[PDB]
Amino acid sequence: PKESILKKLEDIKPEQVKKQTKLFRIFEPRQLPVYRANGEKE
Amino acid sequence: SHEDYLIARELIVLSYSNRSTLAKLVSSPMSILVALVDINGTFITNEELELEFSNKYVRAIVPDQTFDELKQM
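Chain order of the listed sequences is G and A. Sequential numbering from 107 applies to the first sequence in PDB author numbering. Sequential numbering from 219 applies to the second sequence in PDB author numbering.
It is possible that some hints are incorrect.
[Claimed, not checked] The list that follows gives simulated cross-link-like pairs (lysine to any residue, SDA-like), each with its CA atoms no further than 25 Å apart:
| hint | chain 1 | residue 1 | chain 2 | residue 2 |
| --- | --- | --- | --- | --- |
| 1 | A | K242 | A | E287 |
| 2 | A | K274 | A | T260 |
| 3 | G | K114 | A | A253 |
| 4 | A | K289 | A | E266 |
| 5 | G | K119 | A | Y275 |
| 6 | G | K114 | A | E287 |
Derived by calculation from the structure, the hints in this document are not laboratory data.
Throw the hints in and build the complete structure from the sequences for me.
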């Protein structure tokens, strides 16, 4: 099947250029309650 | 085969009704469908008429007005 190894070569497109649409994020600010030194809520 | 039975079921029933238009409606898109297939390895004849074999890969390039002329066919 020499026509099949030729067709794999014409099917290799150039490398898929990636552009991102949102910033890469690992951390987010969250709302945590806070307490003073004695123990009660601030 | 079963690919032959679906054609012979829809031509035996129809050729009882329309003797005029039926032979040209089915035979119509084969003039268009010959332009869609790619070329992987093809025969060729050189100038003094003798047969060679060629290996060229040619894409099939059809516009959108062929797939709008094929939907109306």
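Does the structure keep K289(A) and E266(A) at a Cα separation of 25 Å or less?
Distance ~42 Å between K289(A) and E266(A) Cα, so the pair is violated.
Does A253(A) lie within 25 Å of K114(G) when you go C-alpha to C-alpha?
At roughly 22 Å apart (the allowed maximum being 25 Å), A253(A) and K114(G) satisfy the hint.
With a cut-off of 25 Å on the C-alpha distance, tell me whether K114(G) and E287(A) pass.
31 Å, violated
Starting from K274(A), check that the Cα of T260(A) is at most 25 Å away, please.
7 Å, holds
Between the alpha carbons of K119(G) and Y275(A), is the straight-line distance 25 Å or under?
16 Å, holds
When you check the alpha-carbon spacing of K242(A) and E287(A), does it fall within 25 Å?
Within the cut-off at roughly 16 Å; holds.
When each numbered hint is compared with the structure, violations occur for hints 4, 6.
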